[PDB]
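Just one protein chain is left out here, and the rest sit where they should.
As written, the chains take the letters A, B, C, D, E, F, G, H, I, J, K, L, M, N and O, and residue 1 is the first residue of each chain.
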Amino acid sequence: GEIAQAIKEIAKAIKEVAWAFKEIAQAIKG
Amino acid sequence: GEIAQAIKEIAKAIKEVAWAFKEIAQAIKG
Amino acid sequence: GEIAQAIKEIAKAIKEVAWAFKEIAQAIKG
Amino acid sequence: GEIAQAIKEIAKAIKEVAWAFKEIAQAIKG
Amino acid sequence: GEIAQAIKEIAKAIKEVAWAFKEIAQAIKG
Amino acid sequence: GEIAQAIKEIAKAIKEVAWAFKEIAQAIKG
Amino acid sequence: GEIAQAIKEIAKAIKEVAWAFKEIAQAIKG
Amino acid sequence: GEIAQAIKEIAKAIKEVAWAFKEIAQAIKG
Amino acid sequence: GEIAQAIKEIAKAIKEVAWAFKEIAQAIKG
Amino acid sequence: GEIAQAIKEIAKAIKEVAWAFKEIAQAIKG
Amino acid sequence: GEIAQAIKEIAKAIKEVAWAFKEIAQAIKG
Amino acid sequence: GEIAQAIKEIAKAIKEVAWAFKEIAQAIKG
Amino acid sequence: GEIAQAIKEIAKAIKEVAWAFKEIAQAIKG
Amino acid sequence: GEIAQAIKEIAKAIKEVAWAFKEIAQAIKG
Amino acid sequence: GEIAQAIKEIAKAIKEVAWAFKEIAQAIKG
Partner (left out) sequence: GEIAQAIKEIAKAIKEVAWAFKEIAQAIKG
């Protein structure tokens, strides 16, 4: 579905945001 | 349904955001 | 409902995020 | 309705996010 | 509307989050 | 419509979140 | 569309939030 | 569709949020 | 709700259609 | 919910349409 | 809203269907 | 689901309408 | 709106159906 | 999904309406 | 969009219903 695929793109973008926060955790620990 | 499955994918991505913030908290605590 | 339950899963994930921010508040105070 | 009730649950979860950020602000102020 | 009012509750919660970030700005400046 | 008006209210609230983050950036710069 | 335009306003607000985070990155580097 | 296109715009904006957080992580690492 | 009231207007119109069919039943019997 | 209640009102109106058609069938049979 | 206005247009069209069926009933009665 | 069950009630009402048309077919044949 | 315009097309088609029933009323009277 | 399954149930009911009208046509032809 | 395109398909089908009723009116007139 068109709308379902677009909603899945938001989840993929939020996963990108979660990965960036893991880098900040690596930055604080470093 | 694909719509509810896509909405569930956003919730799973937000959970990964919560996991990365817990890694940040441990990085500040250490 | 299928869609309603999926939306509730997002709220549960946001609650997880709020709990992680409370750990960061505990980390800054510590 | 279950849909509007589920949407209300997201708003309640975001309010808890605002509460945790106020705890962070007090942690920086102290 | 039921759904419209629930969506407005999310906006009110996000406004609460924005106010909490203003406290963090006051905390960093202090 | 009330639905689109409610969605517009979320966008206005997110804009206030962006404003508070700009206040944080100025607090770090000062 | 009325609803589509309101959803686009949320994306524009999130882009504003992303720009504010870039200022915080400039603040930390400075 | 304009609705799915608008939802895609939110995902693109969240991706820019992830990019700005990666810039923050590099600012802490440097 | 705006949308709910408009949907109720369709049901009222269908009830008008059902009443017209009752007149046709009266016309055939007469 | 008001939306599902409004959709239920359409189903009730269509049932009245079925009742009027049964009155027509009895008018032809008599 | 344009959506509720469009739904209202369907109800108005169904009302015209009820009007034409009342004209049929008068045609059988005469 | 609340909305899904209400939509199923419309299908059940349309099935009632189809059964009434079968009576009219029995009335014409009789 | 794309969806609103498509819904309006259904109302226009129902108006066409109502006009055809007026011809049947003219046919029975003739 | 339950929503699409419910919409499919309406289409199945409308098909039964078409079947009953074909029985009417055979009743007029005989 | 596929949703609005599907809604347009219903309007096209209802137009064919209006065409068949005009054929009925000509069958009664002849």
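In this text, a residue touches a chain if its C-beta (ideal position, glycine included) is under 8 Å from a C-beta of that chain, and two chains touch if they have at least 3 such contacts.
For chain B, the residues touching the chain absent from view are 1-3.
Where chain A meets the chain that is not shown, the touching residues are 1-4.
The set of chain O residues touching the chain not shown comprises 2-3, 5-7, 9-10, 12-14, 16-17, 19-21, 23-24, 26-28, 30.
What we mean here is this: only the chains that are shown with their structure count from here on.
The geometric centre of chain C is 16 Å away from that of chain E, both derived from CA atoms. If you average the Cα atoms of chain A and of chain D, the two centres end up 20 Å apart. Within chain I, the positions touching two or more other chains are listed as 1-5, 7, 10, 12, 14, 17, 19, 21, 24, 26, 28.
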